[PDB]
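Enquirer: Here the structure of chain B is known, so what remains is to put chains D, C and A with the ligands in place on it, guided by the hints.
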Amino acid sequence: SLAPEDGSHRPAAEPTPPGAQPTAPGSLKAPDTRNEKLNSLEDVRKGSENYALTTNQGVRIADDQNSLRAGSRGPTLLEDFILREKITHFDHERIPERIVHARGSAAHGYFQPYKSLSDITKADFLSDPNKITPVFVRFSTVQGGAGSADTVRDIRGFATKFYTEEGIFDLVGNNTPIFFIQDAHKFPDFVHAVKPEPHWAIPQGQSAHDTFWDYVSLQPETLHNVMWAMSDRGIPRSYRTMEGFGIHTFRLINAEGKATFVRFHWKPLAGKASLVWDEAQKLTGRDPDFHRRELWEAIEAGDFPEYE
Amino acid sequence: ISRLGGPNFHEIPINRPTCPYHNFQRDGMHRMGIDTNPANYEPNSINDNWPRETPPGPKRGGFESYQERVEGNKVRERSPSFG
Amino acid sequence: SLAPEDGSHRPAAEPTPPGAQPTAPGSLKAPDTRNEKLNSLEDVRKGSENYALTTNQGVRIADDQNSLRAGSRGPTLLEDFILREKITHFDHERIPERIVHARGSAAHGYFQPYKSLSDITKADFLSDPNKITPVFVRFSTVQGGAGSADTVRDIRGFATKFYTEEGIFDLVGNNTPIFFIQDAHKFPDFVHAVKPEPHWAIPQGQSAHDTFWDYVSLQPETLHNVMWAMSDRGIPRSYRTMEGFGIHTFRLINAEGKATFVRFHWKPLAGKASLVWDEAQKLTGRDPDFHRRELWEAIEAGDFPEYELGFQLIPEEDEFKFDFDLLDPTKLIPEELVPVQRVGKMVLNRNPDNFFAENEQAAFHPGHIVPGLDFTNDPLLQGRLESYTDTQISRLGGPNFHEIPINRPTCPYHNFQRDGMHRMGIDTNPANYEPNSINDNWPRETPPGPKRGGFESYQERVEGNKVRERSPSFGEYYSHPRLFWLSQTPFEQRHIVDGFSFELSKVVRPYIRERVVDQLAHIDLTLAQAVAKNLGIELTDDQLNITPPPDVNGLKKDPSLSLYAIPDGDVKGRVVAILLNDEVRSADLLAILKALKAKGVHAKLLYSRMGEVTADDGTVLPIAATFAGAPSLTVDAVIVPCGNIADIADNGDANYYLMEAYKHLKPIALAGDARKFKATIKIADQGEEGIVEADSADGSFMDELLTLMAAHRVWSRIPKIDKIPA
Amino acid sequence: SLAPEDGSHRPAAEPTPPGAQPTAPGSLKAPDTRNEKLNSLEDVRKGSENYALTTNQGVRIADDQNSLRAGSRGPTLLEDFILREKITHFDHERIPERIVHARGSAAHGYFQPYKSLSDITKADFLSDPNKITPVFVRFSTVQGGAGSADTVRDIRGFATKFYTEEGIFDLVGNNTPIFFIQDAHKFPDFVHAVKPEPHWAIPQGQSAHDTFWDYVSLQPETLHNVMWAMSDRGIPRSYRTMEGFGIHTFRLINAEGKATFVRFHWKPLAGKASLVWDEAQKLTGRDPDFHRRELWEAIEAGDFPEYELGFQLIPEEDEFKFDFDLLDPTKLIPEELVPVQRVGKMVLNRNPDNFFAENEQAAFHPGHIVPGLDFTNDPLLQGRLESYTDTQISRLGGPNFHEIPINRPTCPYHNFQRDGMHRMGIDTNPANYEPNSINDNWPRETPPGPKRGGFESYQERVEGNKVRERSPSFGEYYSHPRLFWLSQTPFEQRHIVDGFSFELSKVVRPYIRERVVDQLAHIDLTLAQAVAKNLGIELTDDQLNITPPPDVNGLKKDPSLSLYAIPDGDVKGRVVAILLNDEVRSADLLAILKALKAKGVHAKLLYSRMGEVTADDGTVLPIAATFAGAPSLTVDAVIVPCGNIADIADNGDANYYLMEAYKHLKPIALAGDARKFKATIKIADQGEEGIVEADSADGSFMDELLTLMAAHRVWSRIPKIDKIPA
Ligand code: HEM
Ligand code: HEM
Ligand code: HEM
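First to last, the sequence lines map onto chains B, D, C and A. With the entry's author numbering applied, the first sequence corresponds to residues 28 to 335, in that order. With the entry's author numbering applied, the second sequence corresponds to residues 420 to 502, in that order. With the entry's author numbering applied, the third sequence corresponds to residues 28 to 753, in that order. With the entry's author numbering applied, the fourth sequence corresponds to residues 28 to 753, in that order.
Just to be clear, a hint being listed does not mean it is correct.
[Stated by the list, open to error] What follows is a list of derived Cβ distance ranges for each label pair:
(1) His-251(B) <-> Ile-126(A): 39 to 49 Å
(2) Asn-492(A) <-> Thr-276(B): 10 to 20 Å
(3) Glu-32(C) <-> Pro-58(A): 51 to 61 Å
I should point out that these hints are in silico values taken from the structure, not numbers from a laboratory. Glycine included, C-beta positions come from ideal geometry on N, C-alpha and C.
Looking at chain B on its own, in the form it has when it is part of the complex:
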């Protein structure tokens, strides 16, 4: 045994305030929080306590500290299949990050309607207030990589996967009610302009550079979302304290075939709050994981993010 005698290595599996316990995987922290989707993941969840260390092929490992070599100061041997699998898996851990919204922080939850909407939509998840729909939500920035900072000035993504009884519905929104551009054909132009510039790949997580403002100056359609990004909207205090929007007009269709135009909104029950610019910038250096930490610790504390 390497754990301390007093058990202080293991966090209590009860809600606790930020900093009170080490944070933990959600099924260890809150084992009795359940929804249909979380339960359905049980077939692939893997524990660890009391199990032998093995290869991926199920062969028990005697010595996970040394490679096989000819003599204890000798060359490493090709026949070390244990070393080879371990290093091979490590060598292939990374997958491409998302082209945009690479930096993001996610949690499980659920949604329930306040009333049946069958007069305006036949969508099953909206048919009955007693219909509980598991969700998985990912909040994100837009421009920076998966390893960039959270409290940059940027638009924020707000993506919800509804696991409904009639299919997955993904509501893939942002935290402002419009976008920068009108036609998808210009998306790679706008995104290349805001992204790090191609010669030197600077700057990270920032619109504050020539190519972004070159494009905005030549494309006045951008100016509306640019106003939002330049406001304190661009620097939320928390993903719990920003609005979400679908941006596009969609349609709801009812059982009679009637179409109603709809735009979607998420309204934060913790209210709206943003940082100020100097605080946000400095916070990217003192804690580049500030939003990711805040969201995880809110959920561990029982301060569940709620949106209407």
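Expert: This is chains D, C and A with the ligands only, laid out in the frame that chain B set:
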């Protein structure tokens, strides 16, 4: 790695062991197993060092290579016994 | 035409100091710079001016502003093949980042040896002082993603690709002379421990978290390199002002077959220089791209990064002559015992044209050696050889990554390998195997020889059983950490203590802190007690009584291990903030600029807004940045000329600018009424060492300031900064 | 291990007939055959002679025969970087095959139009009879994997990539003028049905299995192309002897903006010619590479495949004037209604250098059109535009597949797309977006115009509600199958009946056979009855009473739909087997070879062993193959010269060769005492049409033979072949 798309090919159903498999390897394309271990390295105290190494033994022991003596210089040479 | 009439969109294609022009692709910025590698990339360089906009299939596009739809407010149509190509290429832009060292910044240059080293190595690139070898060098951090910040505390990588006439040689090193671990089998464990923790993927770019210090506390082999990381080595000022090392002992092999053990060194010709922690951490917020930017801007300015290649050479018969094992990569070889022999110079003199094509896709691998070099049994080096080709199969999409332009040898390559994803080369050989008769056995093997021969490994004797066992000779963990500690100045020691103290304060589980404190007590008691006190930990009586570890071959210190014990300052390429006011005394600015120019020191002129201000004599002075825009973090010193000081005396940003610089130990110079700013930093009326002051900015005002800059920081200010609220 | 002293390991770089020299890479076989695209590949062609064997990093290899090991009987060492690179490249050679048309064979050539088409199209490649456009063509089967056989019963693909001055145009067609299905949404259902069944992955290269005929029986829209597949069109003699069709109606657009509907045709100048089924199926075993081989060898011989591009042109105002919908890809446009206008000629005159790099990695996509061409609403064409780019992202490893050398345009290409796996192009443009001012907006959009303009789609009127609905005009399925049936000769109809009968006899579930027979009864009662009789099925009274479908716009037949109704035979490039004996009469062989050479017909000299035989006058005759080694399946006709006939008269294989040739309707010519072989094929002292016979092989004998070969096969023999046991 190319034929089967990455290092998690042992999670393709036909290739899965029927016996337990636990270790500190993570991620990779197509990762199916969701690890709950607080630790992804050993030695660790945060999960009391589990999953743990197992000494070799008569049954249910860890793998140890037979201690064959090696003696020779580093050569790219075919043994004359093969000629 | 959307460009301005005056041509101010286009940067001057000549060397200009940082901030004077927008930065540009290297071949546009410096078209006259050339080497054999840069010339050989010309077949894949693509221009743009005066060309039509096309699809990738070469069809001219008429409207690149709209999708094809049925009516101008109608649905988009599947037949829009121009939209589909453009969006599909965009959808697939990203490739996996490197598993480690994902954050990095690279440049082209060249290397030349000072003399032939044929008596010790038959390596062709070291055979002739006239033989110049193109290089491509990538510097990096280790832990963070490609989008993480530059000025984190971490080790730095220093990887050099030599495009030699007898093959590519990759010297894949770090900025410290040892690694954290002894056997490659533990690399996934150590890297998992230092990386973001797997539940929540925090923290980025930081070792200040529980799992890292858990691993360290359980693996005392790691303490050597941890001491380095906790020192100011872990926060270099610039990639130009850090050392590089190969870490492992390799071999040189001469034409007579004699092996000599070698360790590789890079010496920064700009000297050694690091930030201080608060400055580095803040700087990850104010400019997470600071090292990448500084490297690119140095090259655009002609402040080319220069390093000297050095070898520590140990005869084969001296393998066992030291107190430590030469093959143990957690041990360094003290320069007091084995000096570094100067080998040649490398100069980095051209930025890439495209970051993704040249930097992101570059593949380095320490297995890439050439005749005249060879490996040893260092068991961390041994395992590296399994990883670097492997990882490139997924990262770069298959086994033809050597055909990506940046990676291609400049020398011939021919073999029987075929196919693979993204195969470029079209093989005309009738044979794809050997031995063959049908192409008269070409291409053919080449016997080894003095020059231009085939690769043969040194016939080292191997004897022992097949074991998974650490050599007992590696099982000593404290003597080298102690040598390192005792070799540091007292302020460098303070900064080490403060690095461990800050990092362990972020460890949530107190027992892990205690366990690390126990480790430090095995290294040096003064160190352990000082960290313990910062943590409210009391050493036990047993801890107070641990015998320190022995010295290393009789050495009680080695000043070559310190950044600053032996001054090696160089001001060329450093930068000074000049805080402007609305009525600057022009004679002060003239003297300042003249002195800085003469030593190759750059300036940024700062004010409370952009635009320009006008001096006492009518000189129009353009403003580079605001005080808040370009914080003191980003320069090496601060000068405030005389003039209408009342204009800025109550500016919070201007006062803070000086407080932050003061805190971070930077030289500050105050001329005439700018001396009023002494009060904001609590400077006594008769002055103090490190603050330059006079009635005007000269006679001796600039020499004094530039003398302080040559010593980098004002270490004697340290006792003073704790009282200052900044 | 070297080449023979006599240079016999190396083929002559001149045109040579099949079998005369070993085959070789096109650039070594025909170095002086050039075109712009072939030249442009020179940056990546790699030679081999006189070069050292290296790693891919350019390191010379000394011993390519052994791994590094600790002693010569010891374990292999991890540090063997040479072994690791060689094995890793081998381990990653394979890429996914094409989801369909995986089996295919390709060549380079050129195209030119006969006259400018500027009246009807502004496409640059059609604008001038003296502007030559390089092409790369791949022919293919559909169902089978890359390693399946060539002479299966299937549809064939005929894809041409035109490297034009205004972009790449891919005309991605097949060898029949319609497809099986109407809407791309069904493509995966139809292809899954035809492909090997999912439980056991059987059968390869065959539609003769339950799932295909289950889908056909339930989807009568498939019946037209199924008729073509069951006819001898499904088993071509060569890719040189089949038609090509783009299938869909496209648009041509002229400089005045006028749209003309068009269907694309390729006419084979070597004439139309197919195998018979027993021959084609046995040939998949004796030489599964027969079509690949025949194409490569034709090009090495100078028998370049030539095809005439032709257009059926329908004015816009005539869109609705037929009794079928022009946009329905299961309907053909009969040439009796709309003639094919001759447009230009394409000649395939050089083989690739490396099959993988050039053939396997080639990417064709019918969305790659150029100004002057446009799409229509054909709902199968429309869906194809979503597939060909998408599939290339996994097959070829990412979105930079246009930089794989074979796929590159020869014309300029410039845009703002960046990055992606295996990015070759290093972009110098300061901008990677438009509009931009920093590169004065280059590269720039180009307005549409008469020549060199940007692409603009024809502004077709769209009016309808958003529906997933098949157009009612597409709901007719029997009239085109009937037209096709009625346009075949009686022997072609017999072969169709036999194809259906053979395939349905392999369907295990008898109700599926019954359902198919019921569909055939809606096409033609004579066809339905003949297939039913072979299946032991009896048509019901109701089935006998099904009213046949209407004529197609009054047509009772169209002979352009037959392979053979109109003679168009060309013997150049065909091959005869000459069965030797050990004392051949040299005067026969002289006359035979002289007459064959005059018409460009090749010969293969066969015997019962390899080596040589000596003729009556001392001429040494090298033997190409044994009777068993090169069966009659591989030749067009068989000649037996006089000589020592007793040598071969009782040889089983020699007799069998003639029995198999006879059965397969090939001409056979017997000179002098070789007429003794008439008895093996049971055929009369008076002689038989299709058997040439004389005292010696002279002018007359050879003219008769070559006349029979110009008619391809001896159809009048069919009633005589059921009694021969072969
Ligand atoms: C109203 C406008 C848009 C909104 C609100 C929006 C929102 C988002 C969000 C929230 C994500 C991150 C989902 C996650 O967390 O994984 C995302 C990802 C993405 N978006 Fe959008 N987006 C918009 C426009 C576009 C456009 C016009 C395109 C391209 C035509 C595009 C292409 C993508 C792509 C390629 C990704 C990465 C998706 C992945 O890897 O799974 N987006 N978007
Ligand atoms: C002395 C110890 C080591 C040093 C000095 C070192 C140095 C480096 C550097 C500088 C890079 C970045 C090269 C670049 O800029 O692209 C790198 C990448 C990498 N290293 Fe190491 N390393 C060490 C130990 C190891 C070990 C023990 C392993 C695994 C057994 C390993 C595996 C890797 C991998 C997988 C990459 C990513 C390479 C790629 O994607 O191209 N390293 N190393
Ligand atoms: C008239 C109908 C069609 C014709 C004449 C046709 C013709 C062809 C040909 C000749 C090729 C092989 C090109 C080569 O040699 O590489 C091919 C490939 C392919 N086709 Fe089609 N096809 C048709 C319908 C479709 C449909 C409806 C789809 C899907 C909607 C489709 C999807 C594909 C795919 C995925 C490939 C593999 C292409 C690649 O890997 O590069 N085809 N087709």
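Enquirer: If any of the earlier hints don't hold here, list their numbers in rising order.
Expert: none
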